[PDB]
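Undergrad: Starting from the structure of chain W, add chains U, S and P with the ligands where the hints point.
Number of protein chains: 4
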Amino acid sequence: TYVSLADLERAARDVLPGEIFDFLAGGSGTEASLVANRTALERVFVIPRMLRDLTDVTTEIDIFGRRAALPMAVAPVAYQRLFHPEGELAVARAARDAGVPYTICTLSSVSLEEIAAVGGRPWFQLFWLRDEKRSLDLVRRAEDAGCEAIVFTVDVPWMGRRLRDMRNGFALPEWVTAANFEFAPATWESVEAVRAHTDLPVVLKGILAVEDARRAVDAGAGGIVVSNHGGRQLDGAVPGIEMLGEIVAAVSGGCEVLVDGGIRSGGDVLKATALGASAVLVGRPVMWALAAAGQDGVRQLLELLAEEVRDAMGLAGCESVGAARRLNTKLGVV
Amino acid sequence: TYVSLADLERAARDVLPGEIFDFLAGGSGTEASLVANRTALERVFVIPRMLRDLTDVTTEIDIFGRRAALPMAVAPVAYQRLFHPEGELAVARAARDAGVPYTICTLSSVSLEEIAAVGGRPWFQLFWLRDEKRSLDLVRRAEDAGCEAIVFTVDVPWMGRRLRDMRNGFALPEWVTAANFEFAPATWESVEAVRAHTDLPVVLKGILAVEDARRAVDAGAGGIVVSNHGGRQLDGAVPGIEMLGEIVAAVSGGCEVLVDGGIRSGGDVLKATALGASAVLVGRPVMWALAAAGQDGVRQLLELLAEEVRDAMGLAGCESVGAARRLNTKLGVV
Amino acid sequence: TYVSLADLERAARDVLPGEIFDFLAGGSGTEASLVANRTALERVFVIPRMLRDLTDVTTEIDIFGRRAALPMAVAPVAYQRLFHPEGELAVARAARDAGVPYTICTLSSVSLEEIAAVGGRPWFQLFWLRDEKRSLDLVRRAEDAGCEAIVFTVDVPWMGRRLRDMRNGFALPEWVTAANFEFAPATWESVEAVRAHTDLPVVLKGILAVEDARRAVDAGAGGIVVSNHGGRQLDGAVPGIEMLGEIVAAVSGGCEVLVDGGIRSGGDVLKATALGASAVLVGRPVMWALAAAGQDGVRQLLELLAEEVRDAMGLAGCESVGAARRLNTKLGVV
Amino acid sequence: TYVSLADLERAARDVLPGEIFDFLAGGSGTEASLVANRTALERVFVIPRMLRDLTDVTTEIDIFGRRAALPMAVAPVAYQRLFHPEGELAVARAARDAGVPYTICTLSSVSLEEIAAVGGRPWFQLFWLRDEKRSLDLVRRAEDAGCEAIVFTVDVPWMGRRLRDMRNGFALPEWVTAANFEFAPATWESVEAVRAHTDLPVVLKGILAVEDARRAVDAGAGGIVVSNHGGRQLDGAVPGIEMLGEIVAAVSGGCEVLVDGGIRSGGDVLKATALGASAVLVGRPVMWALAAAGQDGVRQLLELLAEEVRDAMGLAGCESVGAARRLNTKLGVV
Ligand SMILES: Cc1cc2nc3c(=O)[nH]c(=O)nc-3n(C[C@H](O)[C@H](O)[C@H](O)COP(=O)(O)O)c2cc1C
Ligand SMILES: Cc1cc2nc3c(=O)[nH]c(=O)nc-3n(C[C@H](O)[C@H](O)[C@H](O)COP(=O)(O)O)c2cc1C
Ligand SMILES: Cc1cc2nc3c(=O)[nH]c(=O)nc-3n(C[C@H](O)[C@H](O)[C@H](O)COP(=O)(O)O)c2cc1C
Ligand SMILES: Cc1cc2nc3c(=O)[nH]c(=O)nc-3n(C[C@H](O)[C@H](O)[C@H](O)COP(=O)(O)O)c2cc1C
Ligand SMILES: O=C(O)C(=O)Cc1ccccc1
Ligand SMILES: O=C(O)C(=O)Cc1ccccc1
Ligand SMILES: O=C(O)C(=O)Cc1ccccc1
Ligand SMILES: O=C(O)C(=O)Cc1ccccc1
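Residue numbers (the entry's author numbering), protein chains in the order written: chain W, 2 to 182, 205 to 357; chain U, 2 to 182, 205 to 357; chain S, 2 to 182, 205 to 357; chain P, 2 to 182, 205 to 357.
Just chain W, with the same shape it has in the complex:
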């Protein structure tokens, strides 16, 4: 039995090799942005409403054309076979059964067509390749396989400096490969090339500046993920949760606005929603559950998060996610 997401982190540290746990847990540089993602959520307090009708509380949302059971998707995390032998297939099967979208990675350790064949709501995360034609081919493969959205990661012109990995001399085991297979920095021109070559919604992941959110809408994005990449890219980048309210105001409903970084409970989902997010992504906790107990571990994590989101929404007087977005918040200390 697991009663919080923190129970799963302890289970995963026992089972995984140290250097793989460090690859999962770590950030870039001094890990200032990794810690700040948690500090920022801990400073937000919700002002709940009372005495509202809760006869039919629902945690469902509609996003990118489809119903999802929670305002949550599994974040893209590369190389999931590092954590469990069934890797991405275990996570995708659990996400499908929970009604949660799963983001298939460009650097998945099982091919995107195999993961898409599990069913559910697969999205596909794109890293730009040095060849525009090859980049567009991955997009076309994902679309042909039934992925519903292209999550274009825009905060990785190159990878950040993971000092835990450097100190550990970490490298991919020979038994893990990039099953979909030279990368290059993406620009606004790359976004337009993707947008022109797919009918799927393009979601830009890694936006933090208000004018980049506005330009994303102008560029035809269907969504953005407000994110500092889990503290793994620029060390010292502001947490997404601290930019979210200002970005939601600036886009004025022109695209979906997701957030990630440090979501560790249903109450954290409520905080993100109250600051204006359409939905959240969850990364590390899903891998903790995968490492601890495979598919069934991910299922249990998603069941726990669903219960915690429903509990927080109802205690805050919200019969729907839209009502949660109209909650007010107040910043505290520590």
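Hints are supplied without guarantee of correctness; some may be wrong.
Stated by the list, open to error - In silico DSBU-like links for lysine-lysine, alpha-carbon gap of 30 angstroms or less: (1) U/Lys353 x S/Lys353; (2) U/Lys134 x W/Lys353; (3) P/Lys353 x U/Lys353; (4) S/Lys353 x W/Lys353; (5) P/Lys134 x S/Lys353.
What the hints assert, rightly or not - If we take Cβ atoms under 8 angstroms as the criterion, some of the chain P residues that face chain W in the derived model are: (6) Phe46; (7) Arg53; (8) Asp54; (9) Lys134; (10) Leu164; (11) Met167; (12) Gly170; (13) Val233; (14) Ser288; (15) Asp334; (16) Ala335; (17) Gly337; (18) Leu338; (19) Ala339; (20) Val356; (21) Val357.
Unchecked claim - Sample of chain W residues with no beta-carbon within 12 angstroms of chain U, all distances over it, derived: (22) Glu205; (23) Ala207; (24) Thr210.
Just so you know, these hints were derived from the structure itself, not from any lab. The beta-carbon is built from N, C-alpha and C at its ideal position, and this holds for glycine as well.
TA: Relative to the frame of chain W, chains U, S and P with the ligands by itself:
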């Protein structure tokens, strides 16, 4: 001898079984709101006034028709026989002798008519039952027994997630029962049904949003308790003390405005009064005193709090509680 | 050799009995205001000026008619024979030799006439007695003995709750007495009675509210000490240093504005001056020096503080205390 | 291998004698300003931009007439032979090879002409001597030797109180001398005397007040260093990083505005640039590298900093230092 409320917490932890201490002390989730109730009070500093006439300092107030000896009532705490064999009768007798109102719980472990027969100023706390007729019958019983106010708890559509209890596998011992005897979420319609069926003042406990305080006045409430339920309901709910000043301004004298959560000294009572509260509720410390020494323990706690309130008021230049409400405050760090 | 005021606190804790150290060090209640006096000073940063003429840096000020060598006086501290057999005479002799005013206490353990005969700049601190005629007699004695100012303590309608003393069962040894010999709360009427019966400047010690500072000027006070009594009176009273700037602005030069609480270095003196103080009082450190080494210990403390004040002023570009009062400040974190 | 500047501090503490490590690491007084330099940088978060052209990212700047490879110079640090037998020559050779300006100190342990003969971009740091004619002779020597800028230190009318040194009884070993050879406080008149006697840009180091930055431009300075002298001068002086944005706005492009104090990574360089600095100085880390490994240690430090600056700039969407100065920032907690 006890010289602070903290002396009593140590005494209670020695005597009570661990799982009962945890039921008393704990909050929901990560206990963020439980800790924030204390952090928020610790950040408030009073600006005392000097050189005023203190010849007749009095801590008395008039509330809901009657004089009380302090601006304080005993909060509703379910199942007091968990803490001492005389349970609610011990606490009610001490409250009566101290001139403090005592709130009888819907989930009391001694019947409401027995506790009311102790005398004093009994109030009655209502949890809404799935049957409107049954809810109104508890209200009628309380009124017929001489309770003076109905404290309708409005922040419990269901109970929060008490992880200490889950981890402990805590359950009520067979020797403790709900001596007044299926609950359902209350709405504004339930408030109107109560208001229409009693002449007693109805006090809504668990209000945190300014518009819910305004609606409470519009709904005919005689008072509200600004409260996050001791951090036991929504984890991440703002402390009542952080909303109190804005709520007092918005109701403009239209009802009494009480606060609870973390009051641990007479100086904390002064802080709440200076932020505009009409009175406070005190929960956990009363149970510490009950566990440590029964009726006499509660008597000693209330005598200590009375001395500390009188001391703080006089040192701040206040000959009455109304003068304390006109004190100014300044927020500090830590 | 002592290179900071903290060296002296360690020396005093070694020599004094625990219960006397606790009487000296402690505050009221939870000691929130005692700690806040230090936290508040630690949050202030000075913006120094460069490239100014420092050919004749002087730390002298004129106050209450007389030159003082530093913008500093020894605070009133009762019963100095608790700390060293020569008690007040040792401290007064060192203050005289350093050119610092010394405040003789109503509760001195050597008579006020003996301490005044040491010479120097004696001020006299008054606690109001239940008999107006007796209060005025102490004032007359002080004036006849050559005291230069009456420091009327206005924050003690009664003594605060010193929990260290209660826990220690602390009482005055039989060998310490109130050598000047039933007290009562002072009011604005008591201030007028003192003002009408002396030509000396009357200084109200313990003012924290801006309107009480304004009323003090209206009442004919020659000065005020902005002070929470070293955290020994109302627990939760704001630190004087946090009210000082607003009070200096409100009195508009109408009286001298001193501050106390937590001054532990020449840099702290500079901070107080930059926030607008005319001078500071220093309490506990003087007693540490007395306990550690008697008269010579106090001399060494005052020499160290004089060097630190001169050093801080010059490094901040200030050739006079008036220039230091025109420095700007910026609040930081921790 | 060193992967952060913190790796070098540990290496230097192992090798150096304790009292020399303390001379290097320490600040004045309670070291409040030393700690605040780090706290202030840790509170700044960058808002990175995405999707910009990074084809030709360059870290170069033009300053005082010449290209530098990074927006960084080696700060003046006296007596470098305390840390390694080759002292200043080792550091200057590494700075030259990295394309970084090196500031030669008035109190260098190798003569200024020897260090200038290494080549590179030498600047010269001036302490004002009691004799105007002698001060101007050091300036003339530096100019004749090929130094490119005069860095006039304006925050040392005398040295601050280094309590670590006092406690250690620290003194210069007989084998270290002031190889360029009675000092006096500098004033605005001294600045004019220097400005009139050289064609080199005069840079005032140690400015914190906005009006002193404005007066520096009016006085003909080519630059200023916004600095509290590494926390070694006035204890309680505000960190330069907290004044930088307001100073950059007030000088309106009238001179170069550098900053120092606590720069420990390329991300810290990015923060300073985003707050408006033209370049930074780095002091203690260069000495850590010198102590740990001589010339090669300094080379490795400068290579690590160059990689970290390039990494942070690109991750923040900046192809040039000018673009980094247009980044926005947001203050956080801890
Ligand atoms: C081990 C690991 C690998 C990741 N790989 C990718 C990736 O391939 N593509 C991507 O866009 N984000 C990647 N991310 C970032 C996540 O999508 C997400 O932004 C971050 O993990 C969210 O924060 P959380 O882990 O705090 O929930 C990775 C994160 C981790 C921890
Ligand atoms: C053990 C326990 C049981 C409680 N039971 C009730 C209850 O039956 N009804 C209710 O309205 N509040 C209940 N409360 C909340 C209290 O009335 C009160 O809001 C909270 O304890 C006040 O904070 P304090 O304990 O910090 O003083 C309970 C609190 C505790 C600790
Ligand atoms: C042991 C002790 C005794 C004191 N006695 C008096 C007193 O008799 N009269 C008075 O006005 N203040 C008294 N004070 C308060 C001081 O004058 C002063 O306000 C406080 O000590 C200043 O703070 P500091 O000790 O932090 O420097 C006393 C303080 C201490 C610690
Ligand atoms: C050991 C030491 C000696 C220094 N000597 C000088 C000096 O001779 N002249 C000067 O202007 N600054 C001197 N400084 C100050 C530095 O130039 C610089 O302002 C401070 O070290 C920068 O901060 P950082 O060390 O945190 O990078 C010295 C600093 C240190 C630590
Ligand atoms: O995006 C991330 O943070 C990743 O860790 C993705 C990744 C994983 C392994 C190699 C390169 C990028
Ligand atoms: O209101 C609370 O916090 C309670 O703990 C009340 C309660 C106690 C036991 C079972 C259900 C509700
Ligand atoms: O003013 C104070 O804080 C004192 O401690 C004065 C004092 C000392 C001893 C008894 C009563 C008052
Ligand atoms: O400027 C500093 O902080 C120095 O430490 C310079 C210095 C070094 C040794 C003696 C005097 C000044």
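Undergrad: Confirm or reject each hint.
TA: Tested hints:
About 18 angstroms separates the Cα atoms of U/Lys353 and S/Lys353, which keeps this hinted pair within 30 angstroms; it holds. Restraint check for U/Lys134 and W/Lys353: not satisfied, since their Cα atoms lie roughly 39 angstroms apart, outside the 30 angstroms limit. In summary, the hint linking P/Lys353 to U/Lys353 is supported, as the alpha carbons are separated by about 25 angstroms, within the 30 angstroms threshold. Distance hint between S/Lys353 and W/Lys353 is fulfilled; the C-alpha atoms sit about 25 angstroms from each other, no more than 30 angstroms.
Pair hint P/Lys134 plus S/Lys353 does not hold up; C-alpha atoms about 39 angstroms apart against a cutoff of 30 angstroms. Hint status for P/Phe46: holds, given a least beta-carbon distance of 4 angstroms to chain W, under 8 angstroms. Restraint check, P/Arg53 versus chain W: the minimum CB separation of about 7 angstroms is within 8 angstroms; hint holds. Checking P/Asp54 against chain W: minimum C-beta separation of about 6 angstroms stays under 8 angstroms; hint holds.
Hint on P/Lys134 is violated. Least Cβ distance to chain W is approximately 48 angstroms, over the 8 angstroms limit. The interface hint given for P/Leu164 is violated, since its Cβ lies 28 angstroms from the closest Cβ of chain W, which is over the 8 angstroms cut-off. Checking P/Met167 against chain W: minimum C-beta separation of about 33 angstroms lies over 8 angstroms; hint violated. With 8 angstroms as the threshold, the beta carbon of P/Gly170 stays out of range of chain W, its nearest partner Cβ sitting at about 36 angstroms, so the hint is violated.
For P/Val233, the suggested interface contact is broken, since its CB lies about 26 angstroms from the closest CB of chain W, more than 8 angstroms. Taking 8 angstroms as the C-beta cut-off, the interface hint given for P/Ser288 holds, the closest approach to chain W being about 7 angstroms. Here the hint on P/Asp334 is kept, as its CB sits about 6 angstroms from the closest CB of chain W, short of 8 angstroms. Because the smallest distance between the Cβ of P/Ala335 and any Cβ of chain W comes to about 6 angstroms, under 8 angstroms, the interface hint for this residue holds.
Given the 8 angstroms rule on beta carbons, the hint for P/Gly337 holds: about 5 angstroms separates it from the nearest Cβ of chain W. For P/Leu338, the interface hint holds, since its Cβ comes within 8 angstroms of a Cβ in chain W; the closest pair sits about 4 angstroms apart. Taken as an interface hint, P/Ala339 checks out: its beta carbon lies about 6 angstroms from the nearest beta carbon of chain W, inside 8 angstroms. Interface restraint check for P/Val356: the shortest CB-CB distance to chain W comes to about 6 angstroms, inside 8 angstroms, so the restraint holds.
This hint holds: P/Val357 has a C-beta 6 angstroms from the nearest C-beta of chain W, less than the 8 angstroms allowed. Remark: the non-interface label on W/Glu205 is consistent with the geometry, its nearest Cβ contact in chain U lying 44 angstroms away (cut-off 12 angstroms). Distance check for W/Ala207 against chain U: the nearest CB is about 42 angstroms away, which clears 12 angstroms, and the non-interface claim stands. At roughly 39 angstroms, the least C-beta separation between W/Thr210 and chain U is larger than 12 angstroms, which holds for a residue marked as non-interface.
Hints 2, 5, 9, 10, 11, 12, 13, counting from the list given before, are not met by this structure.
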